[PDB]
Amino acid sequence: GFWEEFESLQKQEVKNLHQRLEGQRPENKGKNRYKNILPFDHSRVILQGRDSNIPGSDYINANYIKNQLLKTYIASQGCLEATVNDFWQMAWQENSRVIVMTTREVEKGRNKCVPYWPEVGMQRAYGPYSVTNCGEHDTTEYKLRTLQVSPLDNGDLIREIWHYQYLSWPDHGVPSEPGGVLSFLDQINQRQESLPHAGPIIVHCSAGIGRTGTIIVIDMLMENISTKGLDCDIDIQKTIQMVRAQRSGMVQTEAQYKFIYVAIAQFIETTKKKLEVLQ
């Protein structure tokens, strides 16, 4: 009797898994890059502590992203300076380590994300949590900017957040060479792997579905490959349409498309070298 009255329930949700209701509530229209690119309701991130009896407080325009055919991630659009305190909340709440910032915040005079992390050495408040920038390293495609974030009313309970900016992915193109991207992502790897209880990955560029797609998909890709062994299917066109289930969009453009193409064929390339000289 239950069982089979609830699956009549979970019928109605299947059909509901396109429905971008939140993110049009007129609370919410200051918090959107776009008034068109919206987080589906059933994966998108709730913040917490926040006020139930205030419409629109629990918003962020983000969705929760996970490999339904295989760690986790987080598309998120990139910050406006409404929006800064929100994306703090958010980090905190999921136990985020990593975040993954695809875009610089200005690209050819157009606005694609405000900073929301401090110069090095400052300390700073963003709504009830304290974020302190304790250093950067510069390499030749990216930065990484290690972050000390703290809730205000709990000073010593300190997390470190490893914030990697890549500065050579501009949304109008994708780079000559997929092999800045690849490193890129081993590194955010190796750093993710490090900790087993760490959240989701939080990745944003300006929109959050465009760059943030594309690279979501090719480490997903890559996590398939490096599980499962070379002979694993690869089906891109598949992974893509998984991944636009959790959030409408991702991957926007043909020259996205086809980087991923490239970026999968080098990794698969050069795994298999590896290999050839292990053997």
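Definition used throughout: the rigid core is the maximal C-alpha set that superposes within 1.5 Å between two forms. Positions refer to the first chain, counted from 1. First, how it differs from the form deposited in another entry.
The residue among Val14, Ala255, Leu21, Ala265 whose Cα moves by 2 angstroms or more between these two forms, once the core is superposed, is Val14.
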Contents of the next structure:
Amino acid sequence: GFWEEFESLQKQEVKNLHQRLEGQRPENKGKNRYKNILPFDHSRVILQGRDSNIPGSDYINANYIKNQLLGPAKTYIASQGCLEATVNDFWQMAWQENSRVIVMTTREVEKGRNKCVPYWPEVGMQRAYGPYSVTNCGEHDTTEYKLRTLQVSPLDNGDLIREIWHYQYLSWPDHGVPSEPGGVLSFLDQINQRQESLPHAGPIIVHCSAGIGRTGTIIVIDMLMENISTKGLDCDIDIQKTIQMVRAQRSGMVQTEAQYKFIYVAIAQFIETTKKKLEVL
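Can you swap the form deposited in one PDB entry for the form deposited in another entry?
So it's only the chain below, everything else dropped.
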């Protein structure tokens, strides 16, 4: 009963075993959307090329996330959405990690709170973000999501160009989840095809506003789709264990009851549609 459940939750808890000193530093307060949603130090992304004499200079609110139920599948970075003060930091992260696919699970403003400052130029335009140039080479929309094709280079070396594929989900409800999972499944299918075409690509960057709710939901669904793709349709799927495994890497991943239930709904539909496709004729 109660005490057994409590002891189970306690044992499962690992927030007390992993510090978050860097994110709590007063020097980094303007770099966090929420003072209590912070990266673990052990798994945080450390920005390169920064001066250690500038307090906090290496900090971004983002963590590496791997499917650690597996023997050391794609890897991820779970990140918060940019603030004005952190747009350049975000590009430094994308460049240094060799990320070629970015998954943004929010609109910039969702009536009417700022969820992410934009970090791309408009179509056909080129902008500087710190030591990088970013060009928007085109936008292609579906009803639920947008693909923005970016080209990024160091400011000084325009000959060195990386294509980065920016997938933005547009129809995720504010303070809820999609009413059906088909849009997210289609989105993740496109993202997966792109990443698999780029075998040397770095981790996929996934972000929302705080980088734990929609971000954790998307990463967990994608991890389970990867397990099913690789291990097969009747492989063991343990959603609760997968969620705990991701929460050990960034606290609070999959934040709401609606998100938790949506993972089940999405994976159920993925399995059922996959089976139906196999059984045709």
